[PDB]
Amino acid sequence: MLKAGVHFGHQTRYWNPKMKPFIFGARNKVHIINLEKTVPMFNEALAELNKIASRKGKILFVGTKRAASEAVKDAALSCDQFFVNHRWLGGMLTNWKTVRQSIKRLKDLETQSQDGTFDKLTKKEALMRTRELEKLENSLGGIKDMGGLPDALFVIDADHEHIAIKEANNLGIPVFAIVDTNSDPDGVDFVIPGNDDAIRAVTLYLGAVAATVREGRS
Amino acid sequence: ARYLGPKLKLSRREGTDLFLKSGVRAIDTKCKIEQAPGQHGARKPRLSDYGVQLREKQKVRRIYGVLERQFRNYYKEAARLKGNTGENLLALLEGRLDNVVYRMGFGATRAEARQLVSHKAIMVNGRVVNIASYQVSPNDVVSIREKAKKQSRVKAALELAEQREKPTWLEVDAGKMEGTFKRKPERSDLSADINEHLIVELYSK
Amino acid sequence: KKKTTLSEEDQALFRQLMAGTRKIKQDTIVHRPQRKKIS
Amino acid sequence: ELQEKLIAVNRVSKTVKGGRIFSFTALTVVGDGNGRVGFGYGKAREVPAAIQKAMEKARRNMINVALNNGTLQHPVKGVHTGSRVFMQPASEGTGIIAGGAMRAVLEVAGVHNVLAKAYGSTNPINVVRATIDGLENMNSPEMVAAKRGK
Amino acid sequence: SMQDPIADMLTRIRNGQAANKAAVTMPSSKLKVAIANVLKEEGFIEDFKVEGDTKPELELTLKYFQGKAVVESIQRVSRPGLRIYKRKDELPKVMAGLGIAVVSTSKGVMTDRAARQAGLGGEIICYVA
RNA sequence: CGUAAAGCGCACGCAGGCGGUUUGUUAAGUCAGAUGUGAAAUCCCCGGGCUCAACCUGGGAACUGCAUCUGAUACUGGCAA
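Chains as they are written, first to last, in PDB author numbering: chain 1, 9 to 226; chain 3, 2 to 206; chain B, 2 to 40; chain 4, 10 to 159; chain 7, 2 to 130.
Each hint should be verified, as a subset may be incorrect.
[Said to hold, decoys possible] Straight-line Cα separation of at most 27 Å, DSS-like style, residue types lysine-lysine; simulated pairs:
no.: 1; chain 1: 4; residue 1: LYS62; chain 2: B; residue 2: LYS37
no.: 2; chain 1: 1; residue 1: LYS152; chain 2: 1; residue 2: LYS64
no.: 3; chain 1: 3; residue 1: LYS83; chain 2: 7; residue 2: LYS64
no.: 4; chain 1: 7; residue 1: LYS22; chain 2: 7; residue 2: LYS108
no.: 5; chain 1: B; residue 1: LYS2; chain 2: 1; residue 2: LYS59
no.: 6; chain 1: 4; residue 1: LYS86; chain 2: 7; residue 2: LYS108
no.: 7; chain 1: B; residue 1: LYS2; chain 2: B; residue 2: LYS26
no.: 8; chain 1: 3; residue 1: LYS77; chain 2: 4; residue 2: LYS126
no.: 9; chain 1: 7; residue 1: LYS94; chain 2: 1; residue 2: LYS26
no.: 10; chain 1: 1; residue 1: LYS174; chain 2: 4; residue 2: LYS62
These are calculated hints, taken from the structure and not from any lab test.
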């Protein structure tokens, strides 16, 4: 489960004192996460996360910053699971009700789009409707086939995606976050002290998570 | 010093049968119960919190035929006695002599029992007691005197004693027309629907 | 029982690889969330 | 077994461009009768919509209370905004004898016979908030003995 | 100036519990070690350790049960401005018995349960709730 | 007691209040017990008599105090280091 890796921590600026148990913290004004603390934390997250993944649950990867996209689309979509990669709408969990009818409009407009009446009656309004499918497709992308509110939540940055953590704490959903030294372990049930903005680190990181999700009872 | 008015009106403001006209017939049938306690009685009250507490106290007094200074003194005595003040208050109301004469079937109502008690027709322990609020101790024998024995009332009253539920804390026996108050009634032995915490809280404000 | 892991000497070696003095020893109170019920 | 009851309805105002606009706020408390107390605020343009939003918010956001036999355990003081609130277990100290807007939350809370006395402000929206805070930080002899070993 | 070192000790423990502090050091004395022994005995702290030779330093390893802290509210009762001396009948119970009150009796520094059992009152130092 | 009423314009300082830490002694405060007293009635408790109640009444508790004697010595005070 342990591989020598490349991130070793980051974020000189705006570091958070609640990350003080997780910091080794030496070099050149920047903070180094104690990865000897990360490895048991991340193995625990794989443990409980595989435990809910084997109970046939829905996981909802969250990847708004770049380049977490399309790495969260690649990792969630490598499993049979769900994702948010563009702007996470304020309240797609806590009013999922209204977001249910927006997802319903995305389904009705893609069914109307590639099969039904798309060339019908107008060119301009048809262009309008297609770019409504671009907007509703990139905002409600992964979540469009969920049909429930999910059994866990896996966010890739705790301070950048504080809204989703705040809602999953509001609803009693287990939050699995890779925090950095600027972030805050709010209500993150399974904190992982890592590096949020390195693409090597998040592809290794989501590689491991997507690896352990796609083992159910099989 | 006692009510002396329309009785079924009092039973109709409370919404519940207060057993104020037990008498000959069955369940009311000529009361228009629930419908109109006065002219605007068809209106639902939308009653307050003071209104529910007050109205509970009035339910209990209008059952047992007690006025306010006497009831209030029962609350003070039930408060100072050891235990549960609601249950002590019902134990003080159930030891009243007119009540025990009603429970034994000697009177059809509690007012008729109160007139039997009042008109020197009732002895306790072989001594005539003239007083409606005499507090009957446990293991007492309360009976009817030789005068006003075999008068019609009490006979008819025992006739309607069998229609009711035969209280557990008595020895009702109607052959000799004498009874034995054996023990204090448990709270679970009486009526089940009066909320005495409301009258504890009414007097404790 | 402790989970299988790299040897303590190996951890020290990792510490040795760490460039510079390279040791962080801040001590703070630690709070652990209660385990979720199986049910 | 839900046991809902409303404490306070008010008419608030807004003062727009053309005159004023009057809205109604409810404030209800639900509770099962054995711990499990919630309150909800809810505001709307008419009174039944206000109480319905209040009940609907109060059915969620419901808190556990560690009751005794039928009552509190130790005397507890809860404060919220300007509203300071005392409670005393009154080990069968008969009847719920609390102030207005505290009688209700203690009534549906499932407690039966405590002694209360609110101090300070006694705004109903803050005297609950000072009863739940209060009943929330009241802990039981199996919780204190859990903490401190025995 | 420092005029109540006991209330200073209890302040150290309130602000250590409030800051999720692992352990608390302070200057040490006979009365602070007596109180600390009562607190360890009743289960409000994990351990204590007095070090130093010429300047002793008491150190209290604090307790945290869940994420929450064990010492819920520690108060100083008999302050120097106004000292409070209770008899064996006037001797209070805190949180209706769920929380001890450290009384200095002539036999030693005890709790309220232990000194009400010993049949002797004294000077009530602190409520630990 | 920042802004609702409320921090002296600022200091020095007497009387006053409070006082780090260790050991020994005292035991004034503090605590425990005992004795004397704290009138009777009244309040409270358990009973008794007026048909009940009010009322009257038997016994207790109480009168949270003060004084003296006997102890305890952790804290506070006195004294010595």
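Consistency of the hints with the structure:
For the proposed pair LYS62 (chain 4) and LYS37 (chain B), the alpha carbon gap of about 32 Å is over 27 Å, so the pair is violated. About 18 Å separates the Cα atoms of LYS152 (chain 1) and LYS64 (chain 1), which keeps this hinted pair within 27 Å; it holds. Taken as a hint, the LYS83 (chain 3) and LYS64 (chain 7) pair is broken in the structure, with Cα atoms around 43 Å apart against an allowance of 27 Å. Pair hint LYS22 (chain 7) plus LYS108 (chain 7) does not hold up; C-alpha atoms about 33 Å apart against a cutoff of 27 Å.
Under the criterion of a C-alpha separation no larger than 27 Å, the hint pairing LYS2 (chain B) with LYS59 (chain 1) is consistent with the structure, at around 20 Å. Distance restraint check for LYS86 (chain 4) and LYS108 (chain 7): the Cα-Cα separation of roughly 34 Å exceeds the 27 Å cut-off, and the hinted pair is therefore not satisfied. About 25 Å separates the Cα atoms of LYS2 (chain B) and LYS26 (chain B), which keeps this hinted pair within 27 Å; it holds. Of the pairs offered as hints, the one joining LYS77 (chain 3) and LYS126 (chain 4) holds, with about 22 Å between alpha carbons and a cut-off of 27 Å not exceeded.
At most 27 Å may separate the alpha-carbon atoms for a hinted pair to count; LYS94 (chain 7) and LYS26 (chain 1) exceed this at roughly 38 Å. Using a Cα cut-off of 27 Å, the hinted pair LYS174 (chain 1) and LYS62 (chain 4) holds, with the two alpha carbons roughly 23 Å apart.
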